[PDB]
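Visitor: Read off the chains here:
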Amino acid sequence: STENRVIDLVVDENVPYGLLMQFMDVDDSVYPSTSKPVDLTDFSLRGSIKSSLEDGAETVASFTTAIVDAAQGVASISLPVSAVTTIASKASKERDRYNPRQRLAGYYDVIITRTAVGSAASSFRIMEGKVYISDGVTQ
Amino acid sequence: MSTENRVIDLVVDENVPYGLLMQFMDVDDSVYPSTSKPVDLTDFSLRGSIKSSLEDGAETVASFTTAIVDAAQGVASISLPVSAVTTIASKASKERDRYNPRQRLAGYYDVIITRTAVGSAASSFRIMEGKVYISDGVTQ
Amino acid sequence: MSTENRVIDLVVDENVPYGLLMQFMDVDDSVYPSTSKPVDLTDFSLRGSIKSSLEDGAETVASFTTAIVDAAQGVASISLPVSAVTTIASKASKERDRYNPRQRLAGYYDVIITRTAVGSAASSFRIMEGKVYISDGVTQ
Amino acid sequence: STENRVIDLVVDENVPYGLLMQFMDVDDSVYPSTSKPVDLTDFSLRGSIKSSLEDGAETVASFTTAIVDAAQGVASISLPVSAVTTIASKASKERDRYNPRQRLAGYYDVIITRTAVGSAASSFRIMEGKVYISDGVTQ
Amino acid sequence: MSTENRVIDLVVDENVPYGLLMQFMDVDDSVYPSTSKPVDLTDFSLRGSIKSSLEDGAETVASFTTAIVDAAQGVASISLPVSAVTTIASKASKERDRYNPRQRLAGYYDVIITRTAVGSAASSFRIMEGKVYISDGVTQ
Amino acid sequence: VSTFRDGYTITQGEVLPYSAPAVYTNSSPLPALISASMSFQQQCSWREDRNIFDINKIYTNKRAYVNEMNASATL
Amino acid sequence: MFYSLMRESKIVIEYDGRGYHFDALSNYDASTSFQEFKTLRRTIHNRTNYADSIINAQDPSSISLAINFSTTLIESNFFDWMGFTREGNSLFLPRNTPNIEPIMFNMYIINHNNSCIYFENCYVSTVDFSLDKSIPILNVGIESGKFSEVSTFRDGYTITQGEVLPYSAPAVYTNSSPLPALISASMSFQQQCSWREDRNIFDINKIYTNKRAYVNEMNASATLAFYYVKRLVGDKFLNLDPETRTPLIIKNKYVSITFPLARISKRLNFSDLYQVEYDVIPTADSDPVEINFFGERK
Amino acid sequence: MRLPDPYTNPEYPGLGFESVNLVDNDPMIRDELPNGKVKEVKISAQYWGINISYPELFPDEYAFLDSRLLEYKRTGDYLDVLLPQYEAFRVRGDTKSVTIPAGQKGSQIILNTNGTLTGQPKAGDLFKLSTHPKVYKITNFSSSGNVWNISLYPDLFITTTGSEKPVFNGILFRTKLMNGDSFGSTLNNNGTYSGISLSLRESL
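Residue numbers (the deposited numbering), protein chains in the order written: chain R, 2 to 140; chain Q, 1 to 140; chain P, 1 to 140; chain S, 2 to 140; chain T, 1 to 140; chain I, 150 to 224; chain G, 1 to 298; chain Z, 1 to 204.
Among the clues, some could well be false.
Stated by the list, open to error - Subject to a maximum C-alpha distance of 27 Å in a straight line, what follows is the list of computed DSS-like cross-link-like pairs (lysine-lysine):
no.: 1; chain 1: Q; residue 1: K131; chain 2: R; residue 2: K131
no.: 2; chain 1: Z; residue 1: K42; chain 2: Z; residue 2: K176
no.: 3; chain 1: Q; residue 1: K131; chain 2: Q; residue 2: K94
no.: 4; chain 1: G; residue 1: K146; chain 2: G; residue 2: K38
no.: 5; chain 1: G; residue 1: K206; chain 2: T; residue 2: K37
no.: 6; chain 1: P; residue 1: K37; chain 2: I; residue 2: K206
no.: 7; chain 1: Q; residue 1: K131; chain 2: Q; residue 2: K91
no.: 8; chain 1: P; residue 1: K91; chain 2: P; residue 2: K131
no.: 9; chain 1: S; residue 1: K37; chain 2: R; residue 2: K91
no.: 10; chain 1: S; residue 1: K37; chain 2: G; residue 2: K206
no.: 11; chain 1: R; residue 1: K94; chain 2: Q; residue 2: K91
no.: 12; chain 1: S; residue 1: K91; chain 2: R; residue 2: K131
no.: 13; chain 1: G; residue 1: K10; chain 2: G; residue 2: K146
no.: 14; chain 1: T; residue 1: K131; chain 2: T; residue 2: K94
no.: 15; chain 1: G; residue 1: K133; chain 2: G; residue 2: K206
no.: 16; chain 1: G; residue 1: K266; chain 2: G; residue 2: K133
no.: 17; chain 1: G; residue 1: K211; chain 2: G; residue 2: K253
no.: 18; chain 1: G; residue 1: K133; chain 2: G; residue 2: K230
no.: 19; chain 1: Q; residue 1: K131; chain 2: R; residue 2: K91
no.: 20; chain 1: P; residue 1: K37; chain 2: Q; residue 2: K91
no.: 21; chain 1: G; residue 1: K211; chain 2: G; residue 2: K10
no.: 22; chain 1: R; residue 1: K94; chain 2: Q; residue 2: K131
no.: 23; chain 1: G; residue 1: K38; chain 2: G; residue 2: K206
no.: 24; chain 1: R; residue 1: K131; chain 2: S; residue 2: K37
no.: 25; chain 1: G; residue 1: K211; chain 2: G; residue 2: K146
no.: 26; chain 1: T; residue 1: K37; chain 2: S; residue 2: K91
no.: 27; chain 1: Z; residue 1: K37; chain 2: Z; residue 2: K96
no.: 28; chain 1: Q; residue 1: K37; chain 2: Z; residue 2: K122
no.: 29; chain 1: T; residue 1: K131; chain 2: G; residue 2: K10
no.: 30; chain 1: I; residue 1: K211; chain 2: Z; residue 2: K176
no.: 31; chain 1: P; residue 1: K37; chain 2: Q; residue 2: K94
no.: 32; chain 1: S; residue 1: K94; chain 2: S; residue 2: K37
no.: 33; chain 1: Q; residue 1: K94; chain 2: P; residue 2: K91
no.: 34; chain 1: R; residue 1: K91; chain 2: S; residue 2: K91
no.: 35; chain 1: T; residue 1: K37; chain 2: S; residue 2: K131
no.: 36; chain 1: T; residue 1: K94; chain 2: S; residue 2: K131
no.: 37; chain 1: S; residue 1: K94; chain 2: T; residue 2: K94
no.: 38; chain 1: Z; residue 1: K42; chain 2: Z; residue 2: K105
By construction, these hints were calculated from the structure, which means they are not laboratory data.
Take the sequences, apply the hints, and build the full model.
Guide: Following this line, the structure appears as C-alpha cells:
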C-alpha cells in the first residue's frame, strides 16, 4: 500500500459525508504537467471501518462507494448521514483538551479492484488511516 | 488544514443586534491565479444554532435567523435579534478573558447549508464552526 | 484586512466641558485610488452611558449628550457638559497613582449609533468602547 | 551509490501483492549516466520468505517469479492473496515502532541466475530485507 | 613510498558461490610515464585456508579453490563453491550484530602465491590477509 | 493597536511525546546517530522603494521577492 | 561494531622510509573535509530550488600535535623537518631558506582493528613552546594535502620518545647577566609555506588533492614577559627604550634558544603589578639562531 | 530555426535565460530646435534587441547549445527565440476563425473573433501577425463585444490583406546573432562554461 501516505478522514456530525478521488497517471519526463485521467471503467472500490486495528474487531460502518465519472477518473468514497450518526454513537469519548471537537471512531481502508473478463484479481489498497468525528451542535 | 480552514470565531456585542454578512464566491486558483466567480445561491438554504457545550445533552441558547439577501451573487446573511443576544449574555460563563476583559465564553456553534433542489443533489455541508463569545457593554 | 481600534480610552478634565467629535467616512479600494465620501448621517442617533464597572448591576455614573454637527460632512459630536464632568469626578475612584496624581479611573463607556425608522431595520452598532479617566483640577 | 540491496517490503493484508522491478544498468563514465537496460535472457529469480535467519527456519511463503518484457529489462515478483494470508497468519503480534499497522513477518531475498548462458551458473542475490504485514480493515 | 593494503576483509553470501579474481600488474615510475605490463603467471599457484582463530590449533573452517584465468593478462581467480560457502556458514559464530543481523564472523584467511620449480627458488609470498564474513541468506 | 484577533479555536494541542530519531538509507539503518538537525529556508529580500514622495514621512517595507528556497540537514 | 577512541591511538610519522612513533603525546587535533562547487542555476524559465553541487577537491587538513619533551630528543626532528640545519644536537636557523619546497612526509594515525587515517604530503608549518612555571610542551602544526583510509600501516616499534624531561625553571640572559623577574618565555618558529593549487581542466570529474608547496619565509620569534623592575633612578640597563642589537638567550636545563643579536621592543602594562613585555626577533645581520637540545647532564 | 531552451529540451535545465534584456531600438532623426522645441522624425525601421545571459553551463549542455548555434551559422537561416516572461497564456482558443479586415495601416488594428477567443490581452503583452514576422507590443486594449481594438507600439509594417491571423501565444522573434564574429567560451577547472551570453537582434 502507501504506508507514508496515511491520511485521517474527518466526518462532520449531522452532515452526510463526501470525498472524491481522481486517478490520473502522469509522465512529466516529456514535459511538466503531462497528466492523463485514468479510465475507471469496470473498477469497483470498497471499504470498511472497524473499531480496533486487529482481528475480531467490531465493524462500525461500510462506505457507500460509487464511480461518479467512468473514463474520466473521478471516483467517490462516501457514506450517508445515518451511517455518520452510527459512527458518532460508536465513537470514543476521550475528548482532547485542546481539540474538543474531534473523537476517534476507528480505522479505515478501501480497496480498488478490477473485474474485467480476460483479466484476474487486481485488488489494491489506496487509502489508510483513521476516521475522526467532528462534534456538532446545530443538528 | 483538515478542519483549520472552515473555523472562525464570532463575538456578539451585548445590547446590540448582531448581524454577520457572508459572500459566497467560487475561487479558482489551481488552474490559474486571480479567477473568482460568485456561487448561485438559489435553493441553498442556511441554518445554524448555538449550544453551551459539546456534550450529548446541551442547551440551545440561541439560533441564527439566516436569510439569503441575494439569490445570485452568492450573498447571504446570518443574524440574531436583540433578545437572542440578551439571552446569550445572560447564559454565558462568568469567567472573563484576561487579554480582553469584555469578552466571556458563551458556547459553540455550527452552520450547515442545505442545497435541496429538484435535482437529486440534496447535499449538506458544514461551512462554519468555532466558539461564540459575548462582549459586555454598559450603554444598555 | 487590517485591524480596527474600537477600544478608545477617554481622558476628561475636571471643571471643564469635554467635547469629542467623530467623522464617519465611506471608503473603498479599487482600480482608481481610495475614494472617500462622507457618510450622510440622516436618522442617525447616538447614545452613550458610563458605569463604574462592567459587571451587571453597575452604578450609572452619568450619560453622554449626543448631537450631529454636519450631516453632509458626516460629522457627529459626542460630549458632556461641565456639570456632568463634576458628577463623574465625584463618583470616581479615590485611589491615586504616583508620577501623576491627577488621573483617576471613572468607569467604562460605550457608544451605539443607531438608525430607527419604519422602513429602517432595527440595527444598532457599538462604534467604540473603553474606559473614562478624569484629570482632577483645582480651579473652580 | 555503493550498495542498497537492503529494502523492506510492506505487504497488505487481504490484498494480493505484486512488485514491478525495472532492471537497469547505469554507468557514470559519461556525465549523463547511460540509461541502458539489461537484457533479460536466461534469467530466473527465486525468493523465499523465512522467519528468522537461523538454520532450519520454517518457510513462511515463497515468491512467484514473473519475467515479462525481457527486451527492456523489467520483471515482476508477486505472490497470491492466499500466500499473503499464510504470511499474515505467522506474523508476530508486536507492531513496528514507526507504523502501528506493520508486523514483522520474516526475512527474504531474491537471487538472479544465469543457467548455462555461457556454461556458467552465475547466480547472485539481488535484494534483501524484512517483510512486513500491514493489518487491513476491509476484511 | 606509499602504503600497501594487504589486509582485505571478504564478505561472502550464503547459498551463493563466491568469486574473487586478482590481477597482478608490473609497474614502474620513470622519465616516461607509468608503464604497466601484466605479470605472466607461469608456474604461479595460489593456496588459501580459513580458520576460526589466529591462535595455533585453530579449527580449519574450509579452504579456497585456486585457479589461473589468463596468464597473458596476469589474472588469477581465488574463489570457493557454494557447498564450501554452506560449510563456512555452519561453522560461523552465532553472535549477531544489530542494525544488520545478516553478517556473522567466520574466521581469518590468508593467500600465498608461490612459484615452485627445480630452477625456481623456494619463494612464497603472502599476498593478502584479513577476516571472512558471511551474509546469511534464507533462500535455499 | 487596541483591539486585535485572538485565536480561541485554532490552537496547538498537547505536545507530542519524545521519540528517538533514526536515519535510514532505503531501509538500512545508519548506526551511531548523535544529532540530526534539519534546516529549511525561504531567503527572501526586502525591495526598498523609498522615494522622494515619502519625504517627511515614515517609510515601512511592504513588498519582497524570493531569492531561493532550500532544504538542508546536518547529520 | 568498532568505535574509535582518541586515547586508544598511535601517531606514526613516516619519513625517509622509517617510522617515527611520537609517544609522550599529550593531545592532538585533526579534521578532514572536502571542497564542493555548489551553484544554483535559477533561470527565468525555471526558478529552481535544487543546487548543482559536485565534490571535486580535498580540503587540506590541519593537524596539530602537542608533544612533551623527551630524553631521546626525537622531537627535534620537527625542527629538522621544518628546515633548520643540524650540527650535533643544535639546530640552526639558516640565513636563507635552503629549498623552494618544504620537506614532505607522510603521517599515520593508527587505531585498533587495523583502522587508520593516512595523511600524505605533510609539512611542519609551526612549532611553538612556552617556557613557564608549568611543564614545557611544544605544539607542532602540520598541513596535509591528501588524506586516506588504509588497512595496513607503518608502526614505529623502535623509534619512540623516551621519558618526559623533568621540569626546570627557565631563565633568560644577556651575555651572562640574568634578566630579573621572568614570568613566561614563549618561543615561536614557523615555516609559512603556501599550497600551489594546480586544479586544471584535466581534473574535471575527479577529486583533486594538493601536492606541491613553496616556502614563503622562515622565522624565529620569542615573546618575553617580565615584571617592570628598576634597580636605580634613571636606570640604563632596565628601561623601555628599544634595543637595536643585543645578545639574548632563553636558557633552560634541557634547551637553550640563542639569539646572537636581537631586536627587542618593550611594552608596559599598568596591571595589578606592572608588567613589561618583550618582542625578540633576530636582527638583519645576526648569526643563525641556535636551538640546543640537551637530553641529560647537558 | 529554434533556439534551444528548457521548453524544447527539458533534459538540459542549464539552458534558459539567466537574464534577458529586451531593448527598444527605434532610430529617429531628432533635432533640438533653438526655441526649446524637440522635433524627431521616424524613418528607419524599429527592431527589438534581445540580450540573453546564460548561467553556468555544463559541457554537454554547452555542446548542444553551440551545436545548434553553429548549425545556425552554417545554414544561414534565422534564429527564433521564445521569451518566457511573455508566455502567460492569457488568451485561450484557436485563432483560425478570427478575421482581420483588410486595408489597415498604422498602430491601430481591428479584428473580429466571431465569438471564439476567451481571455483579454492586457497592455504590455506581445502580438504578432501570422504572415509577417514582426513582433509588436500591445499598449492599450478596448473591446465592444466580439470586436477587439488593439493598439500596437510599432506601426503595422504591412497593411492587413484580410487573411492575416492573430498570434497571441507562442510568439517567436526572428533574430540574428551579433556576437558571431568573435564568440569564445571559457572552461573552468570546476568543469562548467561560464559567462555565456548572446546579443541577438531582430531582423526585419
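Visitor: Please work out if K94 (chain R) and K91 (chain Q) have their alpha carbons no farther apart than 27 Å.
Guide: It holds: about 26 Å lies between the C-alpha atoms, which stays within 27 Å.
Visitor: Compare the distance between the alpha carbons of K211 (chain G) and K253 (chain G) with 27 Å, and conclude whether the hinted pair is satisfied.
Guide: violated, 40 Å
Visitor: If you draw a straight line from the CA of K211 (chain I) to the CA of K176 (chain Z), is it 27 Å or shorter?
Guide: violated, 42 Å
Visitor: For the pair supplied as a hint, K206 (chain G) and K37 (chain T), is the alpha-carbon distance within the 27 Å limit?
Guide: holds, 25 Å
Visitor: Quickly compare the C-alpha distance for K10 (chain G) and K146 (chain G) to 27 Å and report which way the hint goes.
Guide: Cα-Cα ~19 Å, so holds.
Visitor: Just to be careful, I want the Cα atoms of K37 (chain P) and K94 (chain Q) compared with a cutoff of 27 Å; is the pair within it?
Guide: Given pair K37 (chain P), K94 (chain Q) is violated - Cα atoms ~42 Å apart, limit 27 Å.
Visitor: Given the hint that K37 (chain Z) pairs with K96 (chain Z), does the C-alpha gap stay at or below 27 Å?
Guide: At roughly 47 Å apart (the allowed maximum being 27 Å), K96 (chain Z) and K37 (chain Z) break the hint.
Visitor: Does the alpha-carbon distance linking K131 (chain Q) and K91 (chain Q) stay inside the 27 Å limit?
Guide: holds, 14 Å
Visitor: Between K91 (chain P) and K131 (chain P), does the CA-CA distance stay at or below 27 Å?
Guide: Holds, because 14 Å separates the two Cα atoms, which is no more than 27 Å.
Visitor: For the pair supplied as a hint, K42 (chain Z) and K105 (chain Z), is the alpha-carbon distance within the 27 Å limit?
Guide: Given pair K42 (chain Z), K105 (chain Z) holds - Cα atoms ~16 Å apart, limit 27 Å.
Visitor: Take the C-alpha atoms of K37 (chain S) and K206 (chain G), compute the straight-line distance between them, and say whether it is at most 27 Å.
Guide: holds, 24 Å
Visitor: Given the proposed pairing of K131 (chain Q) with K131 (chain R), does the C-alpha separation stay at or below 27 Å?
Guide: holds, 26 Å
Checked against the numbered hints given earlier, the structure breaks hints 9, 15, 17, 20, 24, 26, 27, 30, 31, 32, 34, 35 and satisfies all the rest.
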